[PDB]
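Given as structure tokens, the chain that follows is alone and in the form solved without its partner chain.
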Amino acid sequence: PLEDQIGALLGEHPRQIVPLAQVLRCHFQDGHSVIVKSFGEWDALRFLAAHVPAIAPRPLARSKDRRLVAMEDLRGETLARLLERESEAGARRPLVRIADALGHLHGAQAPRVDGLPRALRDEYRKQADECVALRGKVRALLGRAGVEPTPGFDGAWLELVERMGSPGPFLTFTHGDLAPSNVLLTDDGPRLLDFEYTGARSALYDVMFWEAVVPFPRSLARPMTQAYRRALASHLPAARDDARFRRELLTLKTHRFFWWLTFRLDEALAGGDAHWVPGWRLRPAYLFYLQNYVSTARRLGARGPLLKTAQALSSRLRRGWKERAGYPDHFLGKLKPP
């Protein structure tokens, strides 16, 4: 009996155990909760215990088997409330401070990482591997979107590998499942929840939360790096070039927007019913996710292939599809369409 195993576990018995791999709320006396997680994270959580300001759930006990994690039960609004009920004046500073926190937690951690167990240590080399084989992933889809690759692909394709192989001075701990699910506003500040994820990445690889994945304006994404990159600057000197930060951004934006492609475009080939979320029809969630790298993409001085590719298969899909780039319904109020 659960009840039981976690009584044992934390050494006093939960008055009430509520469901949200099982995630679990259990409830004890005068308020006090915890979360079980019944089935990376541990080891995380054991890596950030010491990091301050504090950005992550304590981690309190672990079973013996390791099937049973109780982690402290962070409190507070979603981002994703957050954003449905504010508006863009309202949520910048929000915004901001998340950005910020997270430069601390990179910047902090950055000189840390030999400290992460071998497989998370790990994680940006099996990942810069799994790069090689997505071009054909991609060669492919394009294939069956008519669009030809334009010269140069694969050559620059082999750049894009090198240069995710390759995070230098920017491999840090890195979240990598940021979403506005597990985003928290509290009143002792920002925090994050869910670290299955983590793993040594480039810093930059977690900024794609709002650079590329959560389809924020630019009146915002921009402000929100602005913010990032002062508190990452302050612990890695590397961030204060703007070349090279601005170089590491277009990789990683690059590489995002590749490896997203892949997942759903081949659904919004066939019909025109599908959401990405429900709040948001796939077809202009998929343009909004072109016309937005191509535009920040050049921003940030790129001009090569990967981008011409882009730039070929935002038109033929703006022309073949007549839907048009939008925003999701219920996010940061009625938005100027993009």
The other form holds:
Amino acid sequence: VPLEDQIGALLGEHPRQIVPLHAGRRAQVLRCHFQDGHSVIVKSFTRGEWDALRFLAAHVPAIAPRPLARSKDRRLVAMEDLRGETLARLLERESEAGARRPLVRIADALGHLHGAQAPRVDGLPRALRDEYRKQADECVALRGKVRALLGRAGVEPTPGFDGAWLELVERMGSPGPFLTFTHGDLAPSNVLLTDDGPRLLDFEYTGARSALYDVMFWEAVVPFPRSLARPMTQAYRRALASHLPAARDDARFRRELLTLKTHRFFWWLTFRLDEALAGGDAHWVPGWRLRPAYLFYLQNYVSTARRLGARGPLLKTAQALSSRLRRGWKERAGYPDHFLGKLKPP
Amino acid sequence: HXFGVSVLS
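Show the same protein again, this time as the form deposited with its partner chain bound rather than the form solved without its partner chain.
Next comes the full complex, and the chain you just saw is listed first.
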């Protein structure tokens, strides 16, 4: 059965036009236009967004597309076609000062999402409820991957690394009161600014995790200057703490922030560092060269972790790698092109 | 992934 006919059967009516938007590794995203102009998004697979959209359908203020239909073999998923300005487009045209209010609004909306859904997290399907347990399991194996990669970079872990890693694993496996619904893959392309507030798209990586896992969006993943990341985390925390008493505790929140940032640094180091060491032309994402990106990630982790009171073997090992790669690479830490104007170098 | 990609294998 042709895809167009499959979609028509799914929706109960034939779209006048099916426009491919994004080809992902797992799914094609399609905008389907009805004869009257109305549109929906269909994702075609050739797997928990559907369950996430169902789970969030009563969350207010609305933050996600409503689920519309899923085929019997689950290969086609239809959801609302939410429109707005992507955060990616906003960051390309705004100044730091001009981006602060929408970024604070996003951070606030995410804190309310995490806080409102923390008492509800057991209603997720079992595979999604268990996500933090699976990632903590994988954290154990990540130690050896990190040690081997550091060796290829010429750097040995500082004394006490393994004991400090065991503490990281234990923290990563005990989100406790911070356990909540997380989107899992927040990025400038899947956050919208709309006239009715922020919206989130692309829930493929939804799982039950520490609330702070999603905060890595601006604390560790997208290279926001600290002049924006700090007010975002403060606005996020005020919203989360309105729901969650544990977030009102300065030391508990700081510890959770530090755990997830430390995990993020060492986990994402394994993605492309070997490629960066080899030195071929490469990008972290389009517009952001790979060596400036890792130098940013190294500097941002060391500096912000130190501010959060980190002073152990994991920080010292990151410091040693930073010093090596700064000497070895002629490149400097930098920001992406077309990103909040002319930023002072990090 | 898809603000970053892991070289999975």
